[PDB]
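Consider the single chain below, provided in structure tokens and representing the form deposited without this ligand.
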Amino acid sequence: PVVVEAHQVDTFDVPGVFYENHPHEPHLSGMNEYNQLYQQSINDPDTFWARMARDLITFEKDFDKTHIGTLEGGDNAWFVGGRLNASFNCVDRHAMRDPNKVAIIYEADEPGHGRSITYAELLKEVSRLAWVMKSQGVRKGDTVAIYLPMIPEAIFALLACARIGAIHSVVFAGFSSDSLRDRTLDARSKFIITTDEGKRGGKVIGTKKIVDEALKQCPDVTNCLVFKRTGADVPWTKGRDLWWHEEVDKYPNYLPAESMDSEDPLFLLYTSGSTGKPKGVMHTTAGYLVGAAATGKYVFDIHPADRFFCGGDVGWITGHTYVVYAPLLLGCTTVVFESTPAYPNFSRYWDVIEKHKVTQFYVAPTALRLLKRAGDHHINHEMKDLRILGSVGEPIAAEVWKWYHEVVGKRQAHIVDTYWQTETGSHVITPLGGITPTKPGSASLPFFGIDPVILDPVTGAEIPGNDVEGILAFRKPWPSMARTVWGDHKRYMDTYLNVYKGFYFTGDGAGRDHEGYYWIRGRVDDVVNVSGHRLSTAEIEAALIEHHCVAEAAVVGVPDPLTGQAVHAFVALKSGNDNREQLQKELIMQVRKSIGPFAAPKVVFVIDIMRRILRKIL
């Protein structure tokens, strides 16, 4: 077979007990209704997406046309003429119906220190935070930098920005001051929100000190709102720094929501690409929210009473779409988890799921492999309500898919392996929870409105039928597609739309097996996955070259048992240094300074570009 990974892989049905124990009526009746709805979404997207949008999203003003533009034109607009507000759809409309329903479960770094937050409380906090920004001069269309750990205040900040029509720009709280500066400068943000310190896995993160250093080079930032998470003494810049708790107490507990166009920008998410510095992937409002709600509902089988737990950081797209937007759009409860899967111990994920009766859990294989190595004795939890088990970021290997299905899910949960990207906004190739039969290691079948094609890598020609392999592209636009790269539409066109004209280029290889099931082969460009984080080899090379002793740098990606991919770094020293053992500590800190601890090199090879020869030798 051409797709060797599919050979003698049989599809597993959804387990019978999933339906027996399900608290509600499923959203689809079976694979027949998926196929019927899928074909309509491909053949008449105007009708299909108009209905999906009006089912799932409340518009202030109804839209006049589902979609205009084309892929090649790079001019796609969805639900044109509509007006709406994302915080209204995530908060107000649920507070209006059921103010005391729990919207957020905060699980703090220490067990036993969280709280639950109702939709009415969430409306209060979003409103008065929005008042703070408005009072300090933030206006519709301005960007706002967010540098926050996984606390509910992070949700408050995204949705407060949405409420006034500011464009939130979330920077992962593990980035260095250089990376924070770069993203804040490029977004031209004048307001930043952060914490005094972070606590994660019992370790203190000096967030405020990192922001202070970054802001020395961001002279357009005139206010910095600091949430007091630890109460530790931090440096304070009078006239610029403001205390979150002092400012929100000044302002009312309700604020009107700003009326936004369907195509006004909602957020920027800086993302590492094959070349160049990180790019600000821009999502607009209606189409992104329709994608988030539609996948939350049909992929994760989300019902209003559900308790949804995504393990990803708000600093990445998984956190954006599935910790925040999708569950709140659908009016269920979402879990904001501040700790690690290993603190206080390796049971922590399951401690959380059991205590809060989580119904769907969503994580990366990197965390599963780490926990699997830790040993099954850490998992002795009923978790009666857990019926969907999500996986994202890389393919979930056979032994991991089995361990996840059997030891975690008790053969009682549906494993949903979701393929997508920052640029797609939401799931694009994925089984639908409780509906689609699955194969270990396969992302299965396209989501509604996603028309995948397999392309010859060199000729760019379509390769028809089943049992084919090549480049993964989509033939048609879809509502939650990224709309531009901030400040650089030409880069957006060249990266995504001009490679294979008429198609959207994912950067990924893929096979489609005999049954039409998709198998993702990973990046055909210089993007690699390092312990759940999307990184550019070019980025790390630029960091290594920043050292005064390095002349030529080369970073390649090779498979690893635990991290998935193991980025390695070669360095050609300019002349010579007799302190090779010492130079290692200095190159390692250079990547720590340029990018962050999480991208620090495993080792720096000192030895005096055909990167493929390096990846094969390693």
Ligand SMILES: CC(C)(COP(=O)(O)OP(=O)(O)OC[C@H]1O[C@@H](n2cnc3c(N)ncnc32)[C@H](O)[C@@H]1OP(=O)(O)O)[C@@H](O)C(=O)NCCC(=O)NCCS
Contents of the next structure:
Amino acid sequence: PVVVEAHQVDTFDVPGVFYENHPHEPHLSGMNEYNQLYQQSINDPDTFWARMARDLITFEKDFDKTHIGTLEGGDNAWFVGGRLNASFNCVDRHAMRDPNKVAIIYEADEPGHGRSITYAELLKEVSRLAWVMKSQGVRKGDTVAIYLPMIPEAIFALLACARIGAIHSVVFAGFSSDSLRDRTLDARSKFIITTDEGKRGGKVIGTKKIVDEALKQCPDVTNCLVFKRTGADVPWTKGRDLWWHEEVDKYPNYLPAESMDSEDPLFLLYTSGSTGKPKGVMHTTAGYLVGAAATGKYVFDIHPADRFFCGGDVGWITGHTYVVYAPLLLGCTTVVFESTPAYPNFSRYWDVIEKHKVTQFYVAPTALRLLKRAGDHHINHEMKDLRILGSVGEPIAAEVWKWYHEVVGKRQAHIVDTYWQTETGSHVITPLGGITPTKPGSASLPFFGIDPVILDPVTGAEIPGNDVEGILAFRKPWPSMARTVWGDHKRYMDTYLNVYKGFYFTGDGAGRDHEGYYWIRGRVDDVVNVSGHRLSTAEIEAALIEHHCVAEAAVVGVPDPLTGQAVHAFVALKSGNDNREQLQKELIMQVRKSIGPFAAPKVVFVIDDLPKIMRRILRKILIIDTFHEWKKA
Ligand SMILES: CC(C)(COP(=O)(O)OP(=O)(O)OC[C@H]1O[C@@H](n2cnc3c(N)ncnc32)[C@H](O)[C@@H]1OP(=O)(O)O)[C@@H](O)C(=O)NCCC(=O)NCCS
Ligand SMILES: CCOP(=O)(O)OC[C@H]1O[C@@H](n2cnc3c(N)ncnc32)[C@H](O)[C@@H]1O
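Any chance you could show the form deposited with this ligand bound after that form deposited without this ligand?
Whole complex next, starting from this chain.
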């Protein structure tokens, strides 16, 4: 058995109770209609995607052609000639039909302190925030830096940017001032939106102070709009800082939506890679939205009356596509969850799902492991409407898949392990909720329009048939594919499209078993996934070298029972300090300062010299004889 994971792995059918309890009708009649539609999406994408786009997205001007360009040309364009606006499709068209339908359920950090926001209320808040940016000089095509925690104002900000055709560039609120600065400079943003403070798990995040530090080196930022989240006294810079609540009160509660081209940029999302600084992955407008709506509908079985709850942060692509764009495009309710799965206690996810009658839940296996370690007594909730259990970031493995399926889902929900990445925009290999039979540990089958191949890692040759393993690549473009790396299309080409010419390179290894099901093996480059966070080891090495006592640095990923992988750092010193215990703390702090707390290495080892650097020798072990003794200590 070449794909060793799939050996004697039975395939599980969709639970019968899923159909009998379903509030509506499934979007597909069964696996046969999936197969028909899938073959059409590969053999005639021009027809398949034109119909899908006209089903799901309201265009101001119809498009002339479904797709032009090729993978090797790096010139792909989708729905060319079309015009539309993302905020119109997420807000206006739903407010017009059903103004009092709840668009957003805000669950605050403290339980009992949220609110519900209707589509009409959302149109007001998006409109008047867009008025603020317009009045302060933001124009179509400008980037806007967003440094916000998980509050509904974050949705207001993304959609207000989209409404005027500004390009939002969301920076995860766990990033340091250095990381925020680098992203604001590269994007050349002149406007930033933040909070006075964030509250997460009962802890205060000093967002305004972090922004102040970053802006000292962003001289082109001329306004900082501050949302009063906590009311605490924060430093204030007159002439630059503005209060969200003071400014929006000045402006009307409606604003026209800017007419955007299908291929106008919608957002940038800075993303860590195998080498170099983070890349501003750029998504344009029509194709991204089509993919978001298509996966939201067919993967997550989203219907307009649903209450969809993605547990991912707006700072990441999961938050972009499935907290914001997909559910709002489809017109359902989305949950914005400010807290952690552990605050006030380990029942929190289920408290929220029960109070709001959540129908689909989307989670990371790290959170599941963390909760399973806490004990099954924290779960004692009916959650009658919960029929889809989504998982992302790493394979949800046997022990966790069983615990997610039995203890959380009561054998009534369909577990959908969705494989994708920032660069694909939306799900690309995934079961379809309520339709696709699954296997624990497997992402199952390609989504519509996704033509995956397994490549020999060295020769680059395609390996045909089933029970094969190698490099995961896609053979054809798809609507929501990232279109460039901001300011560096050559890097985009070299990273994704010139490695295996004619294919799109995922950076992941994979196996395709006897049934054609995919088994994601993980990154083949120097990217590690820690608590669902995509980290570059080269970035962490660069951060450690910023320390005055560090000469060389080597960072590797090692398996971790809770976080999947954990980053361990090896450092060689420049001259020799007599404070090695204290030096380790300053090294840890250096990474927390250069990147952010969440990227900190678990341990920083000090060696005389390092093994180009043979990182493979370090990853297996966790002067070759000396490091084995140094580790064994
Ligand atoms: C599982 C999870 C909830 C754990 O949260 P946690 O209790 O903060 O633990 P973490 O290991 O992530 O955090 C480590 C550090 O990052 C920081 N951090 C994490 N998330 C943060 C955020 N949203 N804002 C600010 N800081 C954050 C913590 O405060 C902590 O800092 P500290 O060293 O000063 O204590 C979080 O890691 C997570 O969401 N992982 C999943 C990512 C993902 O794949 N989401 C998609 C799901 S659909
Ligand atoms: C959506 C977050 O996208 P990113 O933060 O850009 O990380 C994307 C990288 O995470 C990994 N990955 C994501 N989903 C899965 C999964 N279901 N099974 C296995 N691995 C997965 C993979 O290595 C990919 O290349």
